[PDB]
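Listed next as structure tokens is one chain, alone, in the form deposited without this ligand.
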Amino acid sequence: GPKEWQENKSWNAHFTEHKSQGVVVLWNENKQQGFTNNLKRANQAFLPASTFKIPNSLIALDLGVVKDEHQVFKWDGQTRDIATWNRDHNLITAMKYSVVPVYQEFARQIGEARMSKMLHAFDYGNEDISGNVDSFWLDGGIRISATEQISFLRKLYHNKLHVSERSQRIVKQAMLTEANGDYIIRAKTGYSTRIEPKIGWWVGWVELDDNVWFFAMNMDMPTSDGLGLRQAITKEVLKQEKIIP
């Protein structure tokens, strides 16, 4: 009979067409079945990089470090390389622009003891925060696979994580990335550059009228020129599978 995870290597053509390598993992929530081009890489655990802004936001909100999605975290005045970071932000825009320094401040206020307790409660990856409390998701010990991202995201979708329903609703609002009359995408990008292998991530889900498709993808990212392929390759897979037009 059928397997929980089916391997579809035809999606490799989307990576090869773009001279790239990686994995797309999909989970059909109604069917309770998943699909991927590479079962091994789907289960390979990597640094989460800015995809960690999902659990970091949940923890900050539940502890009151972030009061709500409108609270302003003023720019500290240091001019950084990414121009969108050199301004005031709230939770919505800090997630949209992947504003690392805002989330580093959240992490310092959370502190290592509460951060570790929460990640254990979340069953998140290898639950390892070794390194600096304000950078472990970039260059410390935490590792999470694409299938583990999906497991975590499904809990968040269903408000089943061990934080309040309010915290989960606010983070799902902040994850809003695209919406039209055909679908809604709630998702978070990531770009791991500090420790090899350099990779890009996109994790989240596609809401349809009558089903939800969870997704997690990562791909080799030797330079920043390929960052747009995170969404583009995912959408090519979604289009091939008739999930989006």
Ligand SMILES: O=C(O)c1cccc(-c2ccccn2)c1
Contents of the next structure:
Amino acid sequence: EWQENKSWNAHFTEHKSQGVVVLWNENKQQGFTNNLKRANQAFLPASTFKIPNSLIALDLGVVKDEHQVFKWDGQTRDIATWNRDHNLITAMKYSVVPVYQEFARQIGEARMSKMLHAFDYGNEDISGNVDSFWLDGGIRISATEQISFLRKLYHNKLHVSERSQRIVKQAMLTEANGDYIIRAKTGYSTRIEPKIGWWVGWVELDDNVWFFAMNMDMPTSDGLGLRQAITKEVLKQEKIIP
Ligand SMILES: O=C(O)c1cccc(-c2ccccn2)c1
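Just the form deposited without this ligand so far, so send over the form solved in complex with this ligand.
First the chain shown before, then all remaining chains and molecules of the complex.
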């Protein structure tokens, strides 16, 4: 069952913004959100798509393992951290689009389409260019649909090998301390309106797991830090993390 708490809207409006946070308590099988409608509205996944893309690349052998080096192609781009060699871990960490565009080209349209259907991922629609459809093509996914997909990944239930799923969860590692572990991926969609930022993932505790998926209006890049900051403030308010 689902509960809506409209008072949580203050986390976004206090920053002159609008968005949705969706939380899922795995032990209790209960969900919570500030806005049930927006929780089910589908947006471009943008760099959150690097989760399924990594899985497919690993399972087909396009990527050998998390140490394989993807050499910079020598084209200077405006994100300094993209102008260097990467492996799967650093490509995830710095959301290196051109590395994942090469993954998608080697995966190919037919295998990509099949695998997203097998994952039940969003609207499963890869219309557009095979190396950019998650940025400006036809694929869409909602916050609740992100949760459904992430829960399968957590439980090793996606239709790829256990190894592929373990490696991607390693690459999602974002934060860890004595109190919790966060595995997550950010996203920033700008090529189609409305411009939004994403943060999706989960929080591991000693005896429970809380899945989360959030998106928020993002008219400029100045607010990107709000994706993680707001989410962690909700988690702290609900006493999930200290
Ligand atoms: O948060 C994001 O989704 C995002 C979007 C665009 C660029 C970068 C970035 C900046 C510095 C180093 C690496 N990547 C991150």
